[PDB]
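Removed from the display is one protein chain of the complex; every other protein chain stays in position.
To keep things simple, chains are lettered A and B as they appear, and every chain counts its residues starting from 1.
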Amino acid sequence: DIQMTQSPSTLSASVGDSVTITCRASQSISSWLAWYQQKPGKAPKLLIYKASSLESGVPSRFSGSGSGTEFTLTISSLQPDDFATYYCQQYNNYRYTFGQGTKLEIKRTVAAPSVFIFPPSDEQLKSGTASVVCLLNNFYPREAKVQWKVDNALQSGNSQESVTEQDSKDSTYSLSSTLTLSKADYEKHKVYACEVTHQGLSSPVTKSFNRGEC
Amino acid sequence: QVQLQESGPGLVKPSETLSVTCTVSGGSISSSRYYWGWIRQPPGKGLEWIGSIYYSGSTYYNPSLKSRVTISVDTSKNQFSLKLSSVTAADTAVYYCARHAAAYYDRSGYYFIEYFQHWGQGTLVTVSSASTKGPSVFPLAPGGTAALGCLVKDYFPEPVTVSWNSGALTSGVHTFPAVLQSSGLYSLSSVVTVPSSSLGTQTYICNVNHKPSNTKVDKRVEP
Partner (left out) sequence: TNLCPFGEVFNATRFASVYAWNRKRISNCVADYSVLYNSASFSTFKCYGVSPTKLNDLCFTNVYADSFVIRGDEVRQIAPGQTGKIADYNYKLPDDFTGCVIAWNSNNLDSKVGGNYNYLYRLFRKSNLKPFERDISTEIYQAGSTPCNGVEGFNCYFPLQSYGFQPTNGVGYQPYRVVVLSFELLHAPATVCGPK
């Protein structure tokens, strides 16, 4: 059995840079190697086949070379759309094996979050659960701290958060922190304020509302 | 153009049998010189080949998975399909079907089935013992900088799919990853930035689709 080792595992690089990913095959596989790209949440896309042939409609910056047991994929000039995971696959014989995958992240200039907060809707409060949404839109780097305060009572354990993937177009992240409590606990207070602390900010920007159009 | 669609059960349960099929469009499996194949990719991990099959029926399997699976073709409906036996927790994945390049013989007579030329969109299959459950859809009401959204709370299993104005609005959208609340159901948020001059004039409706429970919900969002 042929086993493929791909390096590196991950990869940061800036736009316009040149990057090359490596695939090592444990046995000779002639030129029977293909390279696949997988942008977040999509199917793999064939980039290169027979080690070096470029599939139609694939950008001209993508190039592959190699034969025998060492191969490379090379993005000549990085683009922000080129954020993806890259997999190599040998198709020698009829035992098909992939590489572990190289995840390509884009390094970007520091950026600060547009912040929004959304009150728990009318229709949801009828069900007995209230959820307050705090949104951090389009920032960089990914690191950010969201702190909830309900009348300056610092919340702990009543929220989870979720980071998006780097954007195909501007290579920025977005983040959602949502605080859930019972409808009982929700109306017991006035001032809801999520505190967003981020590197791209002078001092932490906090956005808030007061319950019921207050 | 050749395109490939996946159909599958939202979830199964441990040690059961998993079954997905792939309906080929814009080209016929009959008499075609391609092997058709299945590839799975568990969440966050890499790709694994399962097997591929010709129109004739001839197959090739991944040795590590042969005996738990058998794939077959219904040349008459233009579909092929995978059946995976005695499911473990491990086999939770997105299952992908694919069309190989045209298979050929070389000067000496040696046969090559080639690489995966085209891919389907993939169907996620969760191994579980859980309540299939549609989501509640509550709207998230709103210098020119407006944010509005949907909250799709407490559904199971993955995935849900969100569009805005039935695919009209796509620019500036951000659909977030699902968070698994300790309740055992997934929670998610979909948002979009719009010019604040749009809050009254243009209609903003999020189109939600939770395939495993056959749910569809449209929630309009107004100030």
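Here are some notes:
In the analysis below, a contact is a pair of C-beta atoms (placed from the backbone, for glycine too) under 8 Å apart; a residue touches a chain by one contact, two chains touch by 3 or more.
Shown as candidates are B:13, B:33 or B:45; the residue that touches the absent chain is B:33. Within the whole complex, the absent chain has one touching residue among B:19, B:117 or B:198, and that is B:117. In the full complex, subunit A touches the omitted chain through residues 50, 53, 55-57. Considering the complete assembly, subunit B touches the hidden chain via residues 2, 27-28, 30-34, 99, 101-109, 111, 117.
Everything that follows uses one rule, which is that only the chains that are shown with their structure count from here on.
Centroids built from CA atoms put subunit B at 19 Å from subunit A. Note for the complex: subunit B touches subunit A at residues 46-49, 60, 62-63, 96, 101, 113-122, 136, 138-141, 145, 147, 149, 151, 153, 174, 176-179, 181, 187-189, 191, 193. Interface of subunit A with subunit B (complex): residues 1, 34, 36, 42-46, 49, 87, 89, 91, 94-101, 114, 116, 118-121, 123-124, 127, 129, 131, 133, 135, 137, 160-164, 174, 176, 178, 180.
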